[PDB]
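Here we start with a single chain on its own, the form solved without this ligand, put down as structure tokens.
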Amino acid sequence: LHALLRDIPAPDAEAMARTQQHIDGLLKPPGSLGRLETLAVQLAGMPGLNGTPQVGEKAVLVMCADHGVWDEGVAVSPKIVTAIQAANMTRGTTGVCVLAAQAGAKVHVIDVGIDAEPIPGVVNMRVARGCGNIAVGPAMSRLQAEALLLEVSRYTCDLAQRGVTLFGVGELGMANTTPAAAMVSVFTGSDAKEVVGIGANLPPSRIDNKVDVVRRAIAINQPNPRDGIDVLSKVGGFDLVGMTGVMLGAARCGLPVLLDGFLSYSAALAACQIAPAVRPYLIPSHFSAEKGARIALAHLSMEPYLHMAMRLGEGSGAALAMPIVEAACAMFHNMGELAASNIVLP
């Protein structure tokens, strides 16, 4: 694992400079395509893309797991929904499946800790049947977190060998907005009340209890904000760990990864704490409707492209943004040049 973090490549400034120059000469007023231009340049600097903004195969990895904190009454969705939805992911009827299909991406469903019998068709990487209740103790041991990080990281960069050049991350786990809020609070130093949302339609009256649960988890576990793995193992979850693993793996592979919503922002905070070198590889997708989204994004210094007031999760936002990444590549490679049209601008 120390080798993994050590070997994450820095961005290629040389390719980025060549990219910027090419974009400047395209058929349009310099800088007029805004964030589409900066995105293209960002892509060009990723070693796994061979010096140019390009998109080959696309995949969305959905990490599924159950949480012991569900027993604290922080979620109104039945716990069994995690397992039922995981199965639906194999039949292509879920939100992410439908949107990924639209973007031409393949969905990989991974079980990292569902509290149910194994589901045929789902990639098995389960650590245990649900993680520990963070309200009374740690979600898992440090060893379990490190082991999963490596496992998911390897699987991720392995897909790169199959032609995948663009990743999207997602999750599935009832009650996971609680550990997500805990992590955001710890990493950003914000009070729990400022980052606890209603998740999957939690009644406004049950919010108080959720905030209390978040504080108890932090108080009881005392996670170290400077240790991303300590935070993940103490107040995170198997799914959160898995998402962080995808980011570390894509980064090691020198490839881009599209974030999704609030759950993914929490995992990105951890990933960047563990290895700041991961940051240049992350691409935001949408601006989650979850209460603590603004805070999490500010700390990641990210501004999403899409404002859809979405809060489904599953990696649905990541899939919705894939066309945008392809659009930046199309602009770069297919637009004509000013010089060719004898157009000269100041």
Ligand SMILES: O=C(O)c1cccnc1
Second form
Protein chains: 2
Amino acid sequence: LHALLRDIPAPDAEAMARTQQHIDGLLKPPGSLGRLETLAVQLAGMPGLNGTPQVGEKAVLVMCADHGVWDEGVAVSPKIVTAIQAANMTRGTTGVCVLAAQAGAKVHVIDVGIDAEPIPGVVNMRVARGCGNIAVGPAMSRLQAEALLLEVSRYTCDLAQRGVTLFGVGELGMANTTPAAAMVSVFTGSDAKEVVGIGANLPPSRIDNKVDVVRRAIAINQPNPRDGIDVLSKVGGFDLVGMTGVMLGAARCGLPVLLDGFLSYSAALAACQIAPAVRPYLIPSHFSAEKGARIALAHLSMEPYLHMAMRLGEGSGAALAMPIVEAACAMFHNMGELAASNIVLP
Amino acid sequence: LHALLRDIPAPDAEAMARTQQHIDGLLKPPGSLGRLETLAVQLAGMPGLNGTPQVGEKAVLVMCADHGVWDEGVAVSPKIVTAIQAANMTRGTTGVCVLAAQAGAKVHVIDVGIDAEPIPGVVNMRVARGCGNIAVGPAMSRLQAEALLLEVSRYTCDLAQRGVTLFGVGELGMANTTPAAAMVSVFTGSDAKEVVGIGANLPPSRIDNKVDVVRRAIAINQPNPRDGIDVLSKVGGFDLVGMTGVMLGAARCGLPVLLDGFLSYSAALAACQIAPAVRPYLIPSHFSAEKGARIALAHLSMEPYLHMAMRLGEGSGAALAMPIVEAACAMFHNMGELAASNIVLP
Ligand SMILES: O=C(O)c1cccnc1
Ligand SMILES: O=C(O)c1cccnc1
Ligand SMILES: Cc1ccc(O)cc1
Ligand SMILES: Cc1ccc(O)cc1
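For comparison with the form solved without this ligand, provide the form solved in complex with this ligand.
Below: every chain and molecule of the assembly, starting with the one above.
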């Protein structure tokens, strides 16, 4: 793990310089394609991409798990939905499933701790049957967090070996916006009220309780903000841990990862805390409708491309942005050149 | 034309109601897919779509034309670029070309007034060899505007008859951000300084002159803000007129049109002024980096989906958003249902 972290590659400045010059010479006013140009340069710098913006196979990894905090009344969805939806992921009837198919991406469903019997067809990496109730203690042990990080990381890099060049990250876990808010609060130093949202349609009345739960979780566990693994283990969840693991894995592999929504921002903060070297590999997708989104994104210094007021999760936002990534590549490779048209600008 | 305007259909509220109920029953928390749901309902209301959100063939119409105002020193691009780029559109090496191919859309290049010899392969609807210099008089005659509107409108609806169900609108015309700013200024009642941008890399120094040119255009022509055709003819251009014509045509045909950037916002204001019934058919794509974008969008009451800091034009933003439209349809048609999973929410 320290090995893993040690070996994350830095971005290739040389490839990026070559990319930039190439972009500048395309059939358009310089810088006219804005963020699409910056994206292309970013990709070019990723070692697993072979010095150029390109997209081979795509995969969306969905981390599923239950949370003990559900018992605190922080979520209106029945606990069982996690298990139900996880099975549905195998049938391709879910939101991320539908959106991934549209993008030509494959969905990988991973059970990191669903509180139900095992689901056939789902990748089994179950830590336990749901994590500890963060309100009265830690979600899990540091050892448990570390091992899962390690395990997911490896699975991720392994896909790389099979042609995957672009990852998307997602989750499924009733009550998960609670640990996400706790993490955000801790990493950003924001007060709970500021970052706690309605999650999946939590009634306006029930909010106060959700805020109290987050505060309690923090007070009781005393997570250390300067220690990402400490935070994850104390006030996070298996699903959150798994997402962080994808990010660590893609970076080590020198490949890009598309973030999703709120839950993913939490995991990204953790990952960046654990290894800043991870940052350059992250790509935002959309701007989650969760209340704490703005704060979390500010701390990641990220500006999403899509404003869809989405708040479903599952990696649906990630899938939706994949075409944008492919667009930047298309632009890079298929546009003509100014010089070829004898076009001279100032 | 008055016929044309008379016959624009209202949206089908019945289809929309059915759509909404269907969306609500999908495998997700109600309203969780945000703008993707609203988009789907919007499409369902469009009569040319047959009561459901669907996408058949797609086309991006690019209106090309030169402007006399170029002579005022408002643009750094050589005048000839219009003609050059128009030809390039036939070769598929341009930005919109590359992005359309990615979206599976076909690009239609239409010459409405390029100041050069005719370009083989380009649809010929040339009004004149460039429009009048708006700084000292009108861009064209009202008759000329009306006829072009009519002609483009028809061409548009005709494509419908060949399976096209989704349009994208774009332009190509050196100096065109000048008439666009004038129109915006006039329709919104904003001062020129507020809406005049750098267009295609206009040097910061040269801005003042661009602002003076817009003011002059307005003072001299005295366009009537309550008369969209009056504005277009006086301070617009052939390309701007053509874009408005696409919007009028798609609406009459009961089909959706994706807007592009700044230039397209100008045309949209005109179209809405001319026929408010057009509004429900318009779909924003991205948020142009042009200075006057925010003001123009506010007046259209639109919030784009994509924030890419793009400012190329050509309909590139339109092409880039097409996948989003297809996503809303995919969502609508391919997701499973709550009831089927025995999922009951509050
Ligand atoms: O932004 C998200 O990903 C999200 C928001 C609410 C509930 N679940 C997921
Ligand atoms: O927003 C646009 O479409 C645009 C901005 C600048 C120059 N040309 C087009
Ligand atoms: C130089 C240039 C190229 C393309 C375009 O659409 C405008 C200007
Ligand atoms: C009810 C539900 C459905 C999907 C999902 O991802 C979350 C909750």
